[PDB]
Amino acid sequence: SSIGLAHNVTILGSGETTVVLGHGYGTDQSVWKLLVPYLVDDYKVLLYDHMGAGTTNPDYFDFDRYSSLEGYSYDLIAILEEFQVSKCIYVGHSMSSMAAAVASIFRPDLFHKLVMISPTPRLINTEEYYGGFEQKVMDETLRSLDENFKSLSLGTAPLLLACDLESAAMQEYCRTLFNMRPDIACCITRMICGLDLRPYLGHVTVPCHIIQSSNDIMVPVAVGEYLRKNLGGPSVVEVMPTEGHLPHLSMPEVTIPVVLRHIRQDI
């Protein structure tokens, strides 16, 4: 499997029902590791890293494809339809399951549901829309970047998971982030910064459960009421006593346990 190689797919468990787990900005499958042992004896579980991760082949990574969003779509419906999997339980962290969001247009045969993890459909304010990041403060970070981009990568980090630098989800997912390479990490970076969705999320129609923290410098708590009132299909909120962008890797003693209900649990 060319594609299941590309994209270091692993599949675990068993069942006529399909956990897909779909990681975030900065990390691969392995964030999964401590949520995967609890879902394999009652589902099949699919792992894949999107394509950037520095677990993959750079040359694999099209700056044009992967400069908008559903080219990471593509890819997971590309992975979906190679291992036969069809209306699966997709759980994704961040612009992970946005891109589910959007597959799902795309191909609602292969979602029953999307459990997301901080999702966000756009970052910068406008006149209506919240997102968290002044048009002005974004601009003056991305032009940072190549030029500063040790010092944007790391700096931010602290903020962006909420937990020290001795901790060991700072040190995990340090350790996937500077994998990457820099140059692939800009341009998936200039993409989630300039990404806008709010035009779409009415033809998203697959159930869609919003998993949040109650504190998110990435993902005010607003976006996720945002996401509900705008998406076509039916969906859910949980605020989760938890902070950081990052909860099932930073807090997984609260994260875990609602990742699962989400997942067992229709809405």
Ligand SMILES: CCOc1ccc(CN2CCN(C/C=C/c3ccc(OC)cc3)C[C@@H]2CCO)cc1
Contents of the next structure:
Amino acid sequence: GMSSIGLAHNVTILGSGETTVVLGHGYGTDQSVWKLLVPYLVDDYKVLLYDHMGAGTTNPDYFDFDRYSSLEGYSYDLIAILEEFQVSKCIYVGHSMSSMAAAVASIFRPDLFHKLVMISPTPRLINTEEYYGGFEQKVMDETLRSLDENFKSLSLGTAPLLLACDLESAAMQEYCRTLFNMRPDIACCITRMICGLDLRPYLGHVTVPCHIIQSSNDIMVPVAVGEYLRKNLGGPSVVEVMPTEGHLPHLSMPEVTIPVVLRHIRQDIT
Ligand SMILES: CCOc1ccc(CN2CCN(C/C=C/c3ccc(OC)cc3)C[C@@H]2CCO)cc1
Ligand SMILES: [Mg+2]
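Output the structure of the form solved in complex with the ligand; the preceding block shows the form deposited without the ligand.
Following is the full complex, with the preceding chain placed first.
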């Protein structure tokens, strides 16, 4: 039985200030992915980092396969973490999956979020006749069907294009280190859940300001998805398309991405 929210999510606190920046790591990583951003924040902000349940650094006995088969399970966990640490009006910075979990959380508890800074978000991968997310339903169905027996070979096969980095690069090695740190059944559950998401009906209920940061070339996120988010979110928004490639530009191209993230943390939409 989980006795401590803070220990179960490996919560880390640094820095000081009137406002707290909360960092969410996204699929396949853990809070270590933020290591180069944090030093630029601590003089001005309190910083809270956490690992989402099912990351390889978390206890698999706490992974509830029912709750984490939908994104809102993560949203409700995030609310509990913020409440446990008495955080409100935070600046939430998240990579893709985490940023969308925070967007959903912000509908239920808008008081906990001053703004969202979202790296590579998408509300839905699967195409419809009117919405282009980049992925055909039937190809997704068959790829997920054999995911269990192919998890490593598929993940290794796509990761260089996903990250826009060479197989032997430091970014590839680091991403694979944390990705394969998940227990395989947990990894497959999270993968199936995020591939199946449709958050389009939630967007109009999101009212907190959203800063959307995108790579110019991201195989998971067409540039049109950033514009879709801008038009369909219920509050203020801004979209920045960076001269980067890859779905995790904060990991693979920090020299461009870190200054961009810092600007959106520091500057509110006017
Ligand atoms: C035409 C190509 O079809 C494909 C269909 C399937 C895959 C399998 N990939 C899909 C992506 N998986 C990570 C999910 C990221 C993500 C991020 C935000 C989000 O927000 C809704 C949803 C998902 C890894 C998984 C195995 C390694 O490749 C690849 C290609
Ligand atoms: Mg809409």
